[PDB]
Amino acid sequence: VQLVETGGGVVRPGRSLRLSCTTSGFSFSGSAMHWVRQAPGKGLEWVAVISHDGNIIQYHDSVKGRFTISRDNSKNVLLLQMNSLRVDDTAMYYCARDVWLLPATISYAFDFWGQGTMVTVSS
Amino acid sequence: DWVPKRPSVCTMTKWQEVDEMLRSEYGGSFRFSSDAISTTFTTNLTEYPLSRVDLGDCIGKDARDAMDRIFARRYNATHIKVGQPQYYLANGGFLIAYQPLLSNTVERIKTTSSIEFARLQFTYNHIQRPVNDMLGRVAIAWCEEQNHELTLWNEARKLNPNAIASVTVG
Amino acid sequence: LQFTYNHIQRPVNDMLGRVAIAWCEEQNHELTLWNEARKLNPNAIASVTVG
Amino acid sequence: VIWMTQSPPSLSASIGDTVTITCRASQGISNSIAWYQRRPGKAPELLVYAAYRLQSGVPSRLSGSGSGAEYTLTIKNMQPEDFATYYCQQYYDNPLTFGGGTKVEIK
Amino acid sequence: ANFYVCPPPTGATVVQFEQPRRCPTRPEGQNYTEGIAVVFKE
Amino acid sequence: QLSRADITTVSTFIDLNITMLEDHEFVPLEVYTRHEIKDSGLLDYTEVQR
Amino acid sequence: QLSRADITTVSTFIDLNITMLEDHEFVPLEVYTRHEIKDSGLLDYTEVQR
Ligand SMILES: *[C@@H]1O[C@H](CO)[C@@H](O[C@@H]2O[C@H](CO)[C@@H](O[C@@H]3O[C@H](CO[C@H]4O[C@H](CO[C@H]5O[C@H](CO)[C@@H](O)[C@H](O)[C@@H]5O)[C@@H](O)[C@H](O[C@H]5O[C@H](CO)[C@@H](O)[C@H](O)[C@@H]5O)[C@@H]4O)[C@@H](O)[C@H](O[C@H]4O[C@H](CO)[C@@H](O)[C@H](O)[C@@H]4O)[C@@H]3O)[C@H](O)[C@H]2NC(C)=O)[C@H](O)[C@H]1NC(C)=O
Ligand SMILES: *[C@@H]1O[C@H](CO)[C@@H](O[C@@H]2O[C@H](CO)[C@@H](O)[C@H](O)[C@H]2NC(C)=O)[C@H](O)[C@H]1NC(C)=O
Ligand SMILES: *[C@@H]1O[C@H](CO)[C@@H](O)[C@H](O)[C@H]1NC(C)=O
Ligand SMILES: *[C@@H]1O[C@H](CO)[C@@H](O)[C@H](O)[C@H]1NC(C)=O
Ligand SMILES: *[C@@H]1O[C@H](CO)[C@@H](O)[C@H](O)[C@H]1NC(C)=O
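Note that the protein sequences, when read in sequence, are chains A, B, C, D, E, F and G.
Under the entry's author numbering, read the first sequence as residues 2 to 52, 52A, 53 to 82, 82A to 82C, 83 to 100, 100A to 100G, 101 to 113, first letter to last.
Under the entry's author numbering, read the second sequence as residues 355 to 459, 492 to 556, first letter to last.
Residue numbers for the third sequence follow the entry's author numbering, so the first one is 506 and each next one is one higher.
Residue numbers for the fourth sequence follow the entry's author numbering, so the first one is 1 and each next one is one higher.
Residue numbers for the fifth sequence follow the entry's author numbering, so the first one is 111 and each next one is one higher.
Residue numbers for the sixth sequence follow the entry's author numbering, so the first one is 658 and each next one is one higher.
Residue numbers for the seventh sequence follow the entry's author numbering, so the first one is 658 and each next one is one higher.
If you're looking for bench data, these hints aren't it; they were derived computationally from the structure.
Ideal Cβ positions, reconstructed from N, Cα and C, are used throughout, including at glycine.
Careful: at least some of the hints might be erroneous.
With beta-carbon atoms standing in for the labels, derived distance ranges [said to hold, decoys possible]:
1) G/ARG691 x B/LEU376: 28 to 36 Å
2) E/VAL125 x B/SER552: 29 to 37 Å
3) E/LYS151 x G/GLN706: 23 to 31 Å
4) G/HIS692 x B/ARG377: 26 to 34 Å
In isolation and in its complexed conformation, chain A is listed as follows:
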């Protein structure tokens, strides 16, 4: 299995940025995807989740209404359109797949993680 993330970089506050996460080695259409952030020298924190087919979406209270998660099963690629960035959002974003335990449920746990990319908010 291999997970790759693209779209990281330095961005000014209040600007929009869109990340992408490519997958391989597993049925993307049959597993939910999650986004996790890791601030410099801080602990991990969940960002959002997208179901296997994208019918239901859930966000974190710190990013609800600001972020936008989406997926394309045809191209087996995950995306996270970010808008209205803030200085506190500076962190390493990782895309992770859920733990497949049942056909259509969401385990809300992480089993496979990507290499991660940096998103620094500076002015």
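For this one, chain A is given, so just place chains B, C, D, E, F and G with the ligands on it according to the hints.
Okay, now just chains B, C, D, E, F and G with the ligands, sitting in the frame of chain A:
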């Protein structure tokens, strides 16, 4: 005495606490069948958004409280919780809070005044599913038997083709 | 519902029990033919019985 | 939000000894909790799910336990590859929250 | 279809048929007891 | 050489047709809903007092 | 002399498994008991007058 409204009033009341609620998908719809109460509920496969229920904060609390008590009482030593609870709007006006398990091996909902429609569904399914399984085995066994008799007819014809041909030809 | 289920389960099971009994009696009856059919052509009889 | 209190924040152990990492939540979460491991320079990897289900391929010598709001992860025989950061995450209610993390190091 | 070449068999491998199996007993009928009854309600 | 279907064939088996029971869906049905029964009363003390 | 089980045996019968229908017990079940329906009214003329 004054108290907050949302955490005091509800538009949904906990009716039954089912320990075993089997969920199956067929005909493009989930069917939650309970063997304990002998009832079957049909949904649309889409989790009914709990936020759509007017004054329904007591439903996340009541549903989770029963699930935690039931899981630790019976499913702690043999099953594992998979994901978070799922709320489905069943036919007839019943909101079902489901918690999937795995083995170690704004509006107001209008509920019908009679659950007998669902009980008949379970009774018919409880009698159709097995009878069909036994109708399927008999048919399979008959075919296997008929193919078995051919080994005897192929030899019986040599002993007396007149009698064998007469019954087979008609 | 209890009466309806019992009124449909009790007979269906009685007829499922007779069919099973009749099948067993029939299978034991066929053995008398297979014991003789094998002598006529053991190749064909052994092939279907052995698999 | 269910806060996750993980302790000890850092401890040292020798190769071939027992260790116990405790994780506590702000409220009773039944058994909805997962354990992760992140070696230096690599992404995290899941170890346990629901506090008792061991992931496929994980060493049997490593196991978790607990109930309610108290949980613990134990290793009966430490190996050189086990020294890493361990995080405890809950999934009882949203938003998902991780633990403070405990860094096991050589002593 | 596939042809087959069958060498003459010998006593190395031997097979036998199964003996008649005892059939299951007839299902037991209901043990009813006729009687008059009157049902009362609250 | 002639095909297998060139010779007349007679079924030596005693056909037994088995039709599984079709699935049935029961819809809710009530002669008088609880609202209709309440409305059956000529007067309502709650509404009259209100 | 050799036992009967010393020779390989092949079942010449076409097994047919028959699983009788397990007994089922129906428990009482009501969406709203008669007491709940009576309590649904905001006011009761009997209690108010009493
Ligand atoms: C009706 O009921 C059935 C239940 O009977 C229900 O679900 C079907 O059930 C079968 C049997 O369980 C499912 O088949 C299994 O599905 C799993 C697929 O794995 C996914 O995840 C893999 C990675 O995660 C798993 O494994 C890791 C360890 O590697 C573990 O940590 C995780 O927790 C997790 O368990 C991933 O690799 C995989 O993708 C690969 O495989 C698929 C094909 O399976 C292929 O398309 C991909 O390209 C890629 O190669 C996938 O994303 C899996 O657990 C399990 O694997 C076992 O069996 C296979 C043989 O089948 C062995 O080779 C393997 O070693 C394991 O022993 C198995 O494949 C099936 O997928 C379900 N079907 C559906 C449609 O979901 C039905 O859905 C129900 N139907 C309805 C209508 O409701
Ligand atoms: C399940 O979904 C079906 C459609 O798949 C819903 O059907 C709708 O019913 C309303 C009733 O007023 C109609 O006005 C709509 O036109 C129907 N929609 C369609 C697409 O036909 C049905 O209501 C859903 N059932 C439940 C219990 O939510
Ligand atoms: C649940 O089962 C585990 C073993 O699987 C046991 O250690 C634990 O004490 C049990 N918890 C409760 C609350 O009974
Ligand atoms: C059904 O059974 C009858 C005999 O009762 C047989 O003639 C027929 O071919 C079977 N199949 C169909 C499709 O009718
Ligand atoms: C049940 O039937 C199957 C064939 O369908 C047979 O192999 C089996 O031995 C029977 N009995 C049991 C106990 O499974």
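_Numbered hints the structure breaks, given as an ascending list_ = none
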